[PDB]
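Engineer: Please build the complex by placing chains B, C and D on the supplied structure of chain A, with the hints as guidance.
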Amino acid sequence: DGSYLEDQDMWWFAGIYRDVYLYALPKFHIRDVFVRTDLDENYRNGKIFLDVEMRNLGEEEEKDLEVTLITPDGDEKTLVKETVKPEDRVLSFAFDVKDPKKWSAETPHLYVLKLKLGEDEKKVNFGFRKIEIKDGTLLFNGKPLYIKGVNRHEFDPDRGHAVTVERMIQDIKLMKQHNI
Amino acid sequence: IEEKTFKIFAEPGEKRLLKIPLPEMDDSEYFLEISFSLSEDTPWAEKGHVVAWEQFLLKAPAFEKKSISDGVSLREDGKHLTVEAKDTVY
Amino acid sequence: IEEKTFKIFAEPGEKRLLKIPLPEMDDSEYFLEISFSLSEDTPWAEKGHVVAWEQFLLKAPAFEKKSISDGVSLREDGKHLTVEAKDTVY
Amino acid sequence: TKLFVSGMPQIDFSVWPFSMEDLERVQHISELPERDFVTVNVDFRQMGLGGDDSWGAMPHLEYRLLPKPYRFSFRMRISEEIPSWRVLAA
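Residue numbers (PDB author numbering), protein chains in the order written: chain A, 183 to 362; chain B, 634 to 723; chain C, 634 to 723; chain D, 905 to 994.
Hints in this document: simulated from the structure, not taken from any laboratory. We treat Cβ as the ideally placed atom computed from N, Cα and C, and that holds for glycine.
List time: in silico EDC-like cross-link candidates among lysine to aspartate or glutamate, alpha-carbon distance up to 16 Å:
| # | chain 1 | residue 1 | chain 2 | residue 2 |
| --- | --- | --- | --- | --- |
| 1 | C | 699 | B | 697 |
| 2 | C | 699 | B | 659 |
| 3 | C | 698 | B | 660 |
| 4 | A | 298 | A | 264 |
Counterexamples of contact, computed for chain B against chain D with all Cβ distances above 10 Å:
| # | residue |
| --- | --- |
| 5 | 634 |
| 6 | 639 |
| 7 | 658 |
| 8 | 679 |
| 9 | 682 |
| 10 | 691 |
| 11 | 716 |
| 12 | 720 |
Next comes chain A alone, as it looks inside the complex:
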């Protein structure tokens, strides 16, 4: 019945066409992370808005939560360091950052959040950038944005939908070398 919503103009294939794996987490672990940014009216200073969802499956003892910010240069800063009792809860934080390096297609500067709850460790890449509509005009970090785009199907002439990282890198470098 799923096939009635998969009528794309393309080849009908089938099978386990992407990776399969097993992993293990502690009884008390981070289930989910939502990191969002805002920029001021001069597109100068930034804010980080962080939601951390925790999940407990039979833990009783209290664990330590640490959140570290790594800059594009490589400098580190502790944002959060606290003790949390084991329970199902969403923790929310808001931090200020001065003159952050902004992400664009021309200049892709990435910050890293490192999150650790007991022995559970995760990392997320994020950038400071803002998309908005002002009087019918599309703005990106305060500048008018022109979309110079292409539609791409995830396709390979030998492997079908089961495309490799080497082929993905070839596609991107070719796109940028032709001003897309």
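Structural biologist: Coordinates of chains B, C and D only, in the frame set by chain A:
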């Protein structure tokens, strides 16, 4: 603020003038009501039953605009904006 | 209430942007003035001579309307009407 | 004593140490007489000066008071201190 009784003589179809002395007025809104009621009991109703009334604006109010000097605070987070003034939080 | 010096680099014919950080404002009227003056003495004029200026309204005022409660007296005679309020007679 | 005038929201004004009749009569600076009063003018507007030439040219159309209905108001107070121009009676 003021009430007064009167009697007026008018035959079927006649128009008669009624003169009402007005007080000096401040910046409030003033309305006049004129009514007619039963002088004595009838088979269908009691003394004081109103049969007719009309109302009129005498004077519109004078609105006051005051300059506020006291301050307001603002706190932002990820989901809420909070605004504090005196002992109310929005 | 606020003064600040600056320097701007612009060649003949060029347009350049100038960003001015504004304070929080009360119910008063606010005007901005931007001027350019001689950095040092010339043969025709001294340091500080203004060569160009322009002014702009930042914020219109908020007018206040107050309700007066105090009274006024009036005396008529054959030639004059006299009106008294506080310690002035018209 | 201060004589204070405020616009609703603006006026034009002038103050002279002689009469309008004195100013219209004398043809040299030396002949302007000594007087024991000040003439005060409080105006809605005056027509432009013009000067495209001085032997027939008029002020431009947008600086003339063409004959249509006009209105104008101001507030006056006589006291010992300058009150707030931004505060009026309701």
